[PDB]
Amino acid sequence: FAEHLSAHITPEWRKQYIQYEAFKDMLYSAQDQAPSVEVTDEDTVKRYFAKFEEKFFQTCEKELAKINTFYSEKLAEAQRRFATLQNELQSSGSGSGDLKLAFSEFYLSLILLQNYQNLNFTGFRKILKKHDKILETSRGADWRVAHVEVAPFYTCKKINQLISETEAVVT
């Protein structure tokens, strides 16, 4: 998925996606640098993983907030763009094709935003699955359900509504 994500990210938006590869690095580091109980003790091992989990879920929260923020900003930009294009159509009519092209480009922008939603959800799902495999826990799955699956970027259906509305113009 690291390769897929890189391949399908929208370039101008790169920093706004879940930092999937960085999370993989974090998890591989956690595994590599883990103390052994035989060389240390149970206290030391449990402290190590508790500290790692704190850092991991803080990073998940920061990434989730980033994604919600960017999605919200891009949705607001899309709502304003639709209003502009609709106002042009009602004032001056279809014209000779420039407005059809503008609506086509706007529709593309909506589909890119919908793909941003899906790709970031899949990235969170896959990184929390990898976390749970490596640490032999279900804490990541629970976090997905309790935090990602209720997150505004994921639940929002306003883009869906704009897509439907845009289709009923370009009809």
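Positions refer to the first chain, counted from 1. Here the rigid core means the biggest group of C-alpha atoms that line up within 1.5 Å when the two forms are laid on top of each other. Only residues modelled in both forms are compared. What changes on going to the form deposited in another entry:
- Fitting the two forms on the rigid core leaves the C-alpha of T10 displaced by under 2 angstroms between these two forms.
- A displacement of less than 2 angstroms separates the C-alpha positions of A151 between these two forms, with the rigid core held in common.
- Residues present in both forms were compared between these two forms after fitting on the core; the only consecutive run of three or more with every C-alpha moved by 2 angstroms or more is 156 to 171.
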Contents of the next structure:
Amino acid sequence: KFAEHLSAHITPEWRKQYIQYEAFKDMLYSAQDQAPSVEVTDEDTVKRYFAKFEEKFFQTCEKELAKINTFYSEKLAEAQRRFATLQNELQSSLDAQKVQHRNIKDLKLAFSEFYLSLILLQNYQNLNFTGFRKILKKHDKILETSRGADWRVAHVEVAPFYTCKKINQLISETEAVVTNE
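And the form deposited in another entry, for comparison with the form deposited in one PDB entry?
Just this one chain is shown here; partners and other molecules are left out.
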């Protein structure tokens, strides 16, 4: 069902920029399918096979996360620029008044297109975060490990596509923890 949900909620223009969730599901199937059974091979070849798969899997995770961070950051910087342009265009139109009804009409359109771009970007953030959490839980369930959950905490939960931390905030927060403990 999540593969369906993700597919239905994707912004078509951004399709290639989302977590390749079905490809990860397929990857995990092939890992189970191609798995050498111990009794048909020794304990060391099984460990080496899964070790090899783990490297491929987490390199794909890193590649997917890099893609998501890049796209999100580019879109977020573009959003902050557009918001500044729009606020300046608005103030200049407002000051001008004290016929430009068609001027404001173009701005109403501009703010509408902009707000939508923000909602679409928030959806992309939420869908991608859910996609990572779920695929890593799937990985962990199948491979009977905690490496996926470790990777979620280490790289996804602190990713720029997901969360925002001003260096000043992180400094005041560390000050607080240190002075109080």
